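What you see is the complex with one protein chain gone and the rest in place.
Going in written order, the chains are labelled A and B, and every chain counts its residues from 1.
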Amino acid sequence: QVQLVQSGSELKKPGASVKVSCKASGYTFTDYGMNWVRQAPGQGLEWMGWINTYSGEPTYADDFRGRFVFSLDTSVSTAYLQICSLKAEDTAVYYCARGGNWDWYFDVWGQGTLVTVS
Amino acid sequence: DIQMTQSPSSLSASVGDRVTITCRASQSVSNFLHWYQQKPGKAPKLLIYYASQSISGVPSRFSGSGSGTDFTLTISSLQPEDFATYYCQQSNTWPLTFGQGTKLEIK
Partner (left out) sequence: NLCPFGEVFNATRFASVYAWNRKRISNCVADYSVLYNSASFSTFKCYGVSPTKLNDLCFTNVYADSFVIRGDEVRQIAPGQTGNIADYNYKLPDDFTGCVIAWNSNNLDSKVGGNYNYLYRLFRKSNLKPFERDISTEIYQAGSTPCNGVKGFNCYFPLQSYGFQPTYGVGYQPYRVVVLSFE
């Protein structure tokens, strides 16, 4: 099986720093990248930048340049994301999505971390 | 920055029919335009990638075609249980950009 489990339904005060998990299995974790998409309830998916699974460099999308960081702890088959200093406008799901280096089409599979905020 | 508009917004359809949903890229995405679907409360699923080729293991009722800045997939045999908020995607220029979505609805 090649499936990417994700962390549970988060919920935090507007200002915490929280870290969703995308733990992979089934494929060679090094082979593909680890794009991270987010989706507000009444809007559409938005790519947020990948991490080369051999280095850990967080090349964020041109919009999510700041408080978001992707923390890769390899050799455990993990590709954690860590939103920091959360606001009230981030009440969106944040998906993992194995989208490689040469392909960049996701097969967006992340069960979806329901990051509600108030 | 690639402003990907997919139309029409919410187009109803009836069982067993053939429905077309189009997608237009502000700049050129020449042939990198993948197609996803998302039933509510779910992680989307790839359907068409590079806008022509079909993903292995999909129910091949639908396949897509197009190039340049005009892309689509036409459901050659619809069934009610889809009502899927279909998504464009391009893969040409960072950042990869999706489309808002053509929600399907039965009458």
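One rule holds for everything that comes next: a residue touches a chain if its C-beta (ideal position, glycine included) is under 8 Å from a C-beta of that chain, and two chains touch if they have at least 3 such contacts.
J.: Please provide the labels of all shown chains that the missing chain touches.
T.: Answer for the hidden chain's contacts among shown chains: A, B.
J.: Would you mind spotting which of B:63, B:69, B:93 or B:100 touches the chain that isn't drawn?
T.: Checking the options B:63, B:69, B:93 or B:100, the one contacting the hidden chain is B:93.
J.: Quick one: say which of A:55, A:75 or A:118 touches the chain that got left out.
T.: A:55
J.: Give the residue, chosen from B:3, B:14 or B:27, that touches the chain omitted from the document.
T.: Here the residue in touch with the unshown chain is B:27.
J.: Which residues does subunit B use to touch the chain missing from this display?
T.: Considering the whole complex, subunit B reaches the absent chain at 1, 27-28, 32, 91-94, 96.
J.: Tell me which stretches of subunit A touch the chain missing from the display.
T.: Contacting residues on subunit A, toward the hidden partner: 28, 30-31, 52-55, 57, 59, 101-102, 104.
In this section, only the chains that are shown with their structure count from here on.
J.: Cα centroid separation between subunit A and subunit B, in whole Å?
T.: 23
J.: Spell out the residues on subunit B that touch subunit A in their complex, using ranges where they run on.
T.: 1, 32, 34, 36, 42-46, 49-50, 55, 87, 89, 91, 94-101
J.: Along subunit A, where are the residues that touch subunit B in the complex?
T.: Within the complex, subunit A touches subunit B at residues 35, 37, 43-47, 49, 61-63, 95, 103-112.
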